[PDB]
Amino acid sequence: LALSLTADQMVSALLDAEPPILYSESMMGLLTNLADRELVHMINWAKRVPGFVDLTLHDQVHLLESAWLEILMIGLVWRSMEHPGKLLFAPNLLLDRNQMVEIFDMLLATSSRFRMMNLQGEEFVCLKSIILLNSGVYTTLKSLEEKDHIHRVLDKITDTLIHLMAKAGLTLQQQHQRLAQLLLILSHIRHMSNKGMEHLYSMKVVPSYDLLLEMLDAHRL
Amino acid sequence: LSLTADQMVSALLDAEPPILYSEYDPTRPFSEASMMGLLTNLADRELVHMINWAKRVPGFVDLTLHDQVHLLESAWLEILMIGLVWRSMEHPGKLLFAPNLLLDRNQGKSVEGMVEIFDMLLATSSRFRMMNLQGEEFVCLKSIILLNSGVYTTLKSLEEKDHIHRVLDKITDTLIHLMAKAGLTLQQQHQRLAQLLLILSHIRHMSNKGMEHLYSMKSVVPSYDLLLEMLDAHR
Ligand SMILES: CCNCCOc1ccc([C@@H]2c3ccc(O)cc3CC3(CC3)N2C(=O)c2ccccc2)cc1
Ligand SMILES: CCNCCOc1ccc([C@@H]2c3ccc(O)cc3CC3(CC3)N2C(=O)c2ccccc2)cc1
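First to last, the sequence lines map onto chains B and A. When you line the first sequence up against PDB author numbering, it's residues 306 to 330, 341 to 414, 421 to 460, 465 to 529, 533 to 549, in that order. When you line the second sequence up against PDB author numbering, it's residues 308 to 460, 465 to 530, 533 to 548, in that order.
Here chain B stands alone, though its shape is the one from the complex:
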């Protein structure tokens, strides 16, 4: 039924689902504490992405396990667009590359690319939902049915992105060029997340399946 939404209805839903900007509460203690509070709101966001809560709870958790760090990063990048050379983790926590620096420079470069492209908010929220759905889709009959559903939702977000660029009055050549540019930034965000996740796992901190499930607040029947 979420697959009957129009592109306009898909955009409004995603804009309405957007999480709040949190405030910061040892730089590394503060970043971890900020991440942990953001995760809760990301779970609330995820449930409002059309199509997501039609999946089993088991597969929602898996998507969330695979994607949460990418989602944290693209949001960091989004809200840093307007602050060249700085990362706005929170309104009370702007850091530059002087205050690890490899991932920091990668984040800054992503924010610079979003600036060069004049990434719009409507496009940004489509990109987050693609990240949520795409990041774990490579990992039974029921499993196969779920991946079919995920790809249908992915296709409709692609339709939506294109719709926005049409509305913006880009030519069809510019639409598919810009679509491609945006999706290629997602492979760099995947790269950035791989580095963080290796770092967390090295600690021997990564949100467990049970913690994510608890946050999803499953229905009681």
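Residues from chain B shown here face chain A by an in silico Cβ test under 10 Å; the list is partial:
#  : residue
1  : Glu423
2  : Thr431
3  : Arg434
4  : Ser456
5  : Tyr459
6  : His476
7  : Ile487
8  : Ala505
9  : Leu509
10 : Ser518
11 : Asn519
The calculated DSS-like cross-link candidates involving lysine-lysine, where the alpha carbons are at most 25 Å apart (straight line), are:
#  : chain 1 : residue 1 : chain 2 : residue 2
12 : B       : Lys362    : B       : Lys467
13 : A       : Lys472    : B       : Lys520
14 : B       : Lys492    : A       : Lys481
15 : A       : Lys520    : A       : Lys401
16 : A       : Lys362    : A       : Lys481
17 : A       : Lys362    : A       : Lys467
18 : B       : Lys401    : A       : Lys472
19 : B       : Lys401    : A       : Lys467
20 : B       : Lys520    : B       : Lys401
21 : A       : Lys529    : B       : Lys529
22 : B       : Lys467    : A       : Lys401
23 : A       : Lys520    : B       : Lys472
24 : B       : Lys520    : A       : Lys529
25 : A       : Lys529    : A       : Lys416
26 : A       : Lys401    : A       : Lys416
27 : B       : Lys472    : A       : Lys401
28 : A       : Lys481    : A       : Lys467
29 : A       : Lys416    : A       : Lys520
30 : B       : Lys520    : A       : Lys520
31 : A       : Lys520    : B       : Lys529
32 : A       : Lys416    : B       : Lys529
33 : A       : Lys472    : A       : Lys362
Since the hints were made in silico from the structure, they are not lab data. Don't be surprised by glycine CBs; every beta carbon is placed ideally from N, CA and C.
Guided by the hints, dock chain A with the ligands onto chain B, whose structure is given.
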């Protein structure tokens, strides 16, 4: 940047490297103990061909030597991997490292960390199969990896980066043209383009895991100066 889409596809098809073979050395038959040695030799021989393929990707040799090396240092494992997945597409459940080196998932449960990567490779092969990926699309995807993977990692640098994005846009055009010319609708074109490019996030993911597996041998990774030597040919 002057080429048509047909011309782009023509050049990429023409530059395709050969399918290489694992050694048929009788003094070194296949066993689980000889495996990473055979696989390493094969990759080392493929890298040589990959260098000379890269130089034939339109736009690539327009870059500085320094940047060409940086792009290859970022992308070589992803390019090996996508070549592997393409070779394996028509053999469900198996990875076709070479025509004489076709492995299944339990042959992979020899080394620690290996089965996990094997399954991601097999999943990618599965995805190619159900998308019925075409050869002409494959070569576009491989060239996007080459140009894209190191680009996010100075006046000359700003010109380099402008140039790389203009070549990516041309490849994007070429991909759409391929799909247009087959007969896909505009909707199907944009949906397929998106499907194809999202696979590149997984390939990056796999390359990071594989890169993590390779350093876990502590032997293997081509250094920056080694790659530069390979690309820095005389005339
Ligand atoms: C839920 C798991 N709990 C265990 C903590 O895992 C964490 C801990 C910290 C981060 C922060 C964080 C916080 C908020 C944000 O919006 C974004 C980020 C982005 C991020 C890069 C990834 N990060 C860093 O510090 C950083 C920045 C620059 C270079 C190297 C590292 C994310 C996840
Ligand atoms: C040029 C750099 N020096 C050489 C050392 O790096 C190497 C050593 C070995 C491989 C093989 C290899 C060979 C050929 C191929 O086409 C592709 C691959 C793919 C690959 C994943 C990476 N691999 C493995 O064994 C493997 C497979 C599954 C799960 C875990 C590991 C590649 C690179």
